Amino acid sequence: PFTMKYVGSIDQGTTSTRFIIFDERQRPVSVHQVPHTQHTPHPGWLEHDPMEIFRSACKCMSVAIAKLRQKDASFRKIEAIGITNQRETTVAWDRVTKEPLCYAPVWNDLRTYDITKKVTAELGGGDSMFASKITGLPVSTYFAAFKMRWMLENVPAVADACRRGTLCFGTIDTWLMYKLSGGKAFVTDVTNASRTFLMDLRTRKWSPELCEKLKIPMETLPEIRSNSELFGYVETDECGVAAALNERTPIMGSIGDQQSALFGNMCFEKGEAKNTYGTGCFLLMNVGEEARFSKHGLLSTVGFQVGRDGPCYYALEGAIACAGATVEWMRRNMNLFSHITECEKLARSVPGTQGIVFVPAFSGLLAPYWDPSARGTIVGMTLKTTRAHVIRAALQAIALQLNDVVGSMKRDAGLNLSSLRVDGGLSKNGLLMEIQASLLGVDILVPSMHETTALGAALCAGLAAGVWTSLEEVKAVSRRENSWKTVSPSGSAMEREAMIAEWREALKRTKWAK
């Protein structure tokens, strides 16, 4: 009643794993990180060693716990652990060995492209969105199923293991939850399952039409649950993890990374949305207790579900391929600046782009204009154009794509974006947040506790273990402890429209590949 309580969050990302311990204030009190290897066997491919990820996670936990006890020597244990992960990335493993059959292809890996084609033809009958009402997703290389298929066709040990009745497939939550539990648990959560291309969105249940249609035995699928409930206990002793925890610790949170950030930024109400700037962008809008579908090629997905049959919130999702990457490309590919802060400083040093548009579509346009053909392009240059204008044009362009994305989401959902919370690194660029607010015409909230993705999973775990009692208590503790900078709109109807008309014309000149 006096001693502080803690919730652990495993944040398993594309390039590294972290364990963050939160206290009752929603403050990260201990953190450790461990990187894992980005295997690229052929151009366009990306693979991860699933045992390197498991071990990173256990290493992360034992180090973080150790540091925390130095800080609080009166702390016996963590209340619960939550998991949040890079989604779609699929592991295949043996039921008896408990070892992975092969490396895990990663959300953005392109090896499944041919399979993607075979699927669209032979099934959808050339319609990518054929199963969309069922799943929320267009046929794409990203989704699990198509990676499960590739492994079954192209990996000897995976094909064998299926016929023998020992094959377990799983997203990273599932893989982590399996190993952490000693092989005792085989579960996934609704957000992660919404990405398999094997789940029915409205019902949040596996679809026999698809597994069978896609030739994937149901036996290789884990049980689905909500994001906030008992999944299992931590029982493994890898890197002395169970001993560092002291008492058995339940895993009571599981949620995909983009949804975890929605939840960790308190986007509990429809119309609440978040954008995460990293190498790219991922914009998610909470749309309410009923699913919505897209006439603009956006993804329909689960936002969150707190508790077994607690209400389930749904969301729309969009993305931009190069955000941070564009900023870094200007630095390390083009020499336009050296120190990070020069980017903002140079773009502020000019009053606008004065003619030029820079469409930074280095790997094509996604969002509501799928076009793999589009490449990086600059138009309207004169001898007056400088690096300052080009940098400012890159930042405007990011904001312009997100404007387009939100325009679509509004119509596809028929709602107003009440506000946008942002996080990512690129959220540290004040000019970008200003441009973004003017174009969307809503407040942009920049939280100063910048561990919001990892907080999502801790909130799910802590809600189930009774650290926090309700979303209201969650919101209220957040207000008291974790401040945010708020960036309001400040444009003109005519300027906005002039930027957009100019941008629209530039887009027409970007088709290049093939």
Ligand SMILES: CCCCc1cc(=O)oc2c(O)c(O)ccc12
Given for the second form:
There are 2 protein chains.
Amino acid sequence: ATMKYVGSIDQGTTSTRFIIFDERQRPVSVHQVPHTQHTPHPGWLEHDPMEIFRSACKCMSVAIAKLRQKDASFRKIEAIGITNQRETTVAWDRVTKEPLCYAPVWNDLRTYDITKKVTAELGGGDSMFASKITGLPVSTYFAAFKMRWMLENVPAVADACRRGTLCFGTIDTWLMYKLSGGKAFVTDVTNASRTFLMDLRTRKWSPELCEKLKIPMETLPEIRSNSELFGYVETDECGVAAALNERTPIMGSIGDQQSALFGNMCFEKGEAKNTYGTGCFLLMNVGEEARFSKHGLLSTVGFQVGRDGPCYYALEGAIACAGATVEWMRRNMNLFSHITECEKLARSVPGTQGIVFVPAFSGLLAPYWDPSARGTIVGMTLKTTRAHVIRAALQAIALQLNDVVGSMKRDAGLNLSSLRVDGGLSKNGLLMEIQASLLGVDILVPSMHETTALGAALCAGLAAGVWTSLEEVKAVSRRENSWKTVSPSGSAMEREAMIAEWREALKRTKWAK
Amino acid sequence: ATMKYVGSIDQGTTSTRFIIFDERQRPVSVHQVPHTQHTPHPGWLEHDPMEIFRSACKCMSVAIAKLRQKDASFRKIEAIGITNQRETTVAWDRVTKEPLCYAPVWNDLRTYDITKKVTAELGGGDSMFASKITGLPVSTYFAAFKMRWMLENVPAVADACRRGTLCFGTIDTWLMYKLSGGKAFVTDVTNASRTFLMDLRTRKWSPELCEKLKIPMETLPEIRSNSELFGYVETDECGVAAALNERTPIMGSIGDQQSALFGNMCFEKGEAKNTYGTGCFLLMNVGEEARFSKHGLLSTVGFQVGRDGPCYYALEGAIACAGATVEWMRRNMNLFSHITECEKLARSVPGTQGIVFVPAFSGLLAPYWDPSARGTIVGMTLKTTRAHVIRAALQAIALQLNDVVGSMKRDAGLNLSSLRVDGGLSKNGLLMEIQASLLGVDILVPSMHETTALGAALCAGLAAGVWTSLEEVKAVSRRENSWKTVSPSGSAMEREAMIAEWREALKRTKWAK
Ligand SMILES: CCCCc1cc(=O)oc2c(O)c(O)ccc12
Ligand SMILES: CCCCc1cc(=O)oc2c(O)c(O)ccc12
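Condition change, the form deposited without this ligand to the form deposited with this ligand bound:
Next comes the full complex, and the chain you just saw is listed first.
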């Protein structure tokens, strides 16, 4: 037994990557390819499904080739895992194998009207109507409403449903389909948990809802766990089956945010993760029993290692403008030029001294869904510099995440144990300190940042016996991959003063329509 | 009929100038000398009267020495005019001919307590109790309270009162005293209007107010008009009688703002001036009858040509943060560097696209009155840029002016005829365009921008026959000096939405204490 290897396809909003991990959980090869962000109308975003599948195959054969020149005794990958951008919905044909049309992406707003009609004509105007089934409000994000929009507005996709050809799938299903050659038509529970068609507690499709929303269940794939035989890679798109050499199983499929949870060893209830990027998603493991939300937050599947494995559930909240706020201060406002000046400028001052900046540029998410909320700054005087604004933008992210976490503590009935953080903005020391102070917990910053991709590789390693227990996983991690830990430090009437200010700033934010 | 020349001493907060004008109303010589800003305690400001007097003298003889070197037709100054920082109060002794202490400046805060005590005990808690007599509210600015402060806190002044050698005087009075060698103890109507001791209906000192604030009337100079024989220069302090050569009468005397009103030719009722400086002072001529405000605006004297000539009254409004908001965006927020960029960045976008920036850094003055209001921005999206923010600051300035003008029109019972503009921000044509479009009158931008100095030069030259009427003053300006006219150029519907957004934004500015 020499060095075994597990591959992860990371199919994100703006690019696709393939990372190869070894049995020590180290990324040893990686390759990235971008895809086009088609915006036909304002607020619309579409991806081209064949560009994504193509990107993924290019990623695999370049990653393989590169590893095979740093380890010339590398004959095979044990298994492939997939993690992907969730909610993004593809429509394809049973026999022609091709996309009927482009894939509306998770944050697309073409499903606006369909979202209105549904809440009214099915929920009696209550957005939470189906939420004890799914765990979700009715929104433009989820996969069913996109399914609905295409069936309605796309000649080709209408006919495909008519003829009994039509397949529908999130990006995990699509990738697993095209990688197979048509063989497997499958999804994992976490991904399925975002369709608006799956029962959260049972992890089975709801025939109530599919029929209530007129989606022919012929179009839907078979649900499985995150960690088991899904299919085999055997397409020849960019030499990919050739490059792998042996028949390679796909034994790993898991949505992106939950992959970051799993990748961060957030296995026990209480353990939570935050992924900074353009925005934030926070997910907390809540345990083997599903918890529902009185604050807006989503309930979703955290993970499920194996067919009839214990299924852990989670709560989920988002902030829309996290790293976008920093990048906005830079490129839109000229408040600094170089990425590190941001942090240095915020430190250069002691407080925000009066000011609050609430960066609700595209609305308020979290536990106050106000899409009339806009970007706002209150309390300025002639003493206000860009440093205070910069510092206040970071305080505001951390304050939203506080409001978010507090809403989870009540919904979940337990504390936040600790908080793992990954992404651009977690390299910011000051934000991590402010974040810790307000939550009063440890913030663990992993120095192997590649944890979204690691998630899917863990799934497929467990299912294929590269590791065997979630404990060996925890132990290999602890040994191999270090982490910076940042503790809370500060007062209680600082914390409560900062929030009292925040509460008052939030009243002043309502503006659009 | 040889060339005639009028001189204007322009004694400001931070410096003194002497500008000599020719009969074409052209500035032909200038010299500027600054004086020391004495700050004994935070909030306090004080000027040395003797340093101020010498400055004026230096300015005169230097500017005269320069002119006779560059103009062979300059033989003499026909008359001298004075324009001055108002409200600044000088306590001197009629036998030593010298000050008993330094002079507290208009914006000095050491009179605050005295001011609160006058409001409570003389006004029953009403700061406006004397506003139908004086045109003014109880405030730190006004002369009477500085006079009162100096009796109560300055032994030398209190002694001088007792001994009956005390002269109180605004800077017009101090300058005409010392230029006389102590022979003239006069003030002009406009400066008297800022003492809190003059009755606007009579333009005479109010026996009741003198009695109630306990300033004896023997301390006070004689009230005369803006344009008449005050005195003659007969000091040789810094060579100034030597430089003037012939006997030179002092025949003009007018407070700085009113001077600008008059240098801007606002002789008829409904004609207004606005100075776009660090802040904004807008004065409108309301005609021969005083008008009082229901919106916190000051009623004041505008001008009076001739001993007991017709007396034109004004309303006065201020905005605190004009050029200061421009300076803040550059200095504190790094939105631009070179001053030309402010206008170019604001022109580079076609509107503000929903944002509003209320630059209420030091509160709202003007016709809303909120010391709690702070600098606020609302409505930002990820499309918002420094360009939109800069343009909104400019809109904001014009919007407050619009409101101030609005109030004046209601209080005065008249329309705004035209707006003459001056100060540095008047060279920002986009601001002048936005302002025309908002008020829907023409804005007149004089190219000879020395409007404060010219006021005093016109008063003095009228009295000495250099110009024989206001019609002749107006005609020489047209012929000799260009005015750029700037016309309303947007839509009434855009006008209205800007005002609606402005009114919404104001509701979100309350922050402080
Ligand atoms: C307008 C309702 C949006 C629902 C939403 C809330 C949230 O806190 O996180 C989300 C989220 O993480 C998604 O991927 C999609 C939708 C939401
Ligand atoms: C503290 C109240 C100030 C009154 C005031 C109102 C205004 O509109 O303009 C003023 C002004 O232009 C002054 O020079 C002094 C006081 C005011």
